[PDB]
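Note that one protein chain is taken out, while the other chains of the complex remain in position.
When the chains are written out, they are named A and B in that same order, and each has its own residue count from 1.
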Amino acid sequence: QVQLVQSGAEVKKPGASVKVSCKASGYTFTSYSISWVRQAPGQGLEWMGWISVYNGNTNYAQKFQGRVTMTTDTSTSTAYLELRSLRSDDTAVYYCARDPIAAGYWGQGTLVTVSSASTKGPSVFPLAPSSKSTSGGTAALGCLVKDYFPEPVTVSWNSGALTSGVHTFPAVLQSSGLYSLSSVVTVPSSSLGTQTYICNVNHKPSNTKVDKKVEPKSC
Amino acid sequence: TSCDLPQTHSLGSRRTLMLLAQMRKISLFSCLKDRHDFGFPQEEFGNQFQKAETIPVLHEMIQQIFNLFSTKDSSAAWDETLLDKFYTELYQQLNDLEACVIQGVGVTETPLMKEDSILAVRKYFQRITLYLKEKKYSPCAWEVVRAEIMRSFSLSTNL
Partner (left out) sequence: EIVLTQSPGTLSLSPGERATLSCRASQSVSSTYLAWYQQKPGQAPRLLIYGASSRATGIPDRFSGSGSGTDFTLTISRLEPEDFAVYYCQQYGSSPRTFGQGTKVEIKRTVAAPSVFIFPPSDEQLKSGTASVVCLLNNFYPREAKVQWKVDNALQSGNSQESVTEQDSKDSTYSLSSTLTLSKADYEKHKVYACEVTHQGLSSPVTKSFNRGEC
């Protein structure tokens, strides 16, 4: 099987650089040229440039000309992409894709997160179940995971036991620069007596693991 | 592979015909009158010069050959290992043609965008397809097609 496997996620401050990489296998590296498509969160694909793995020729989108260099290493069959003087809006999943188009070969993509926010763990506040969150035999409760950087937070319920009624919402980049996210679970409401509900929010980048009980209160 | 020699890239490879050769199984004269005149449009190619107009016509021809020989049927009809070598060669030429285009060599800028010529090649393959369907993809039907593409594709080359 042909496969392109790229490097891990990156988080950088503005003005820094990234050298994302993309390793080829299943074919002769030098025989096909590679290009880089980029995709900001919730937006389209954007073609950046193209490199002849064989001869080292390059074409670039004007947008990035003279700020990005693409290079390759034949010995390690790895194509690189350097991106300098990084901006907040370089936040995007970067892909390496292989020619020819008919080949259909792409990589899993590398996520670069450019921001002037600093690594930070999230506050975890309980969304308390009340009458104002009940509805005839079941009630919703949750956890607000607020003001963390960077992504991702992982969130589980009752140390992962009772969990097949959960909905965790996709994070939102606050205007401040920190991310935020809520996890709601709907449970049988009479169970708000016995069943203790704890959400477990783990944010590994800030070494953070918070456990929060969500206690009821009916208005 | 970097379009640094465009004369190379606007031709079809010799390795292509060679692989098609090896792919044969049953004889050629075994399939007596089990063959069509597929009306390939030779007009669309081999003009000594003006191999500027040609790049996209060769591009779609190869994309076509690929699509024809990439079906579940083709996979049944032909050897797994030759087909993989075949796709690699076909892939190479597309990769090479696409190289020239991405660096402003052989970029079609004419009103029709050479589409009339493309449609021609396309109709030629819709018939090849219709033939294999009509002949329930028999060994013969396939051998006729294999020999036909080989003849066809040769017009795009140095021979």
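Note that in this section contacts are C-beta pairs under 8 Å (C-beta built on N, C-alpha and C of every residue); 3 or more make two chains touch, one makes a residue touch a chain.
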{"item": "Touching the absent chain when the full complex is considered, from A:77, A:88 or A:130", "value": "A:130"}
{"item": "Hidden partner chain, touching residue among A:109, A:121 or A:150", "value": "A:109"}
{"item": "Interface with the unshown chain - residue positions in chain A", "value": "35, 37, 44-47, 50, 59, 61-62, 95, 97, 101-104, 106-109, 123, 125-128, 130, 132-133, 135, 140, 142, 144, 146, 167, 169-172, 174, 180-182, 184, 186, 217, 219"}
{"item": "Interface with the unshown chain - residue positions in chain B", "value": "56, 59-60, 63-64, 66-67, 70, 98, 101-102, 104, 107-108, 111, 113-115, 118-119, 122"}
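Rule of thumb we're sticking to: only the chains that are shown with their structure count from here on.
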{"item": "Separation of mean Cα positions, chain B and chain A [Å, integer]", "value": "43"}
{"item": "Of all residues in chain A, those that touch chain B in their complex", "value": "27, 30-33, 50, 52-57, 59, 99-103"}
{"item": "Of chain B, residues touching chain A in the complex", "value": "1-4, 63, 66, 88, 91-92, 94-95, 97-99, 102-103"}
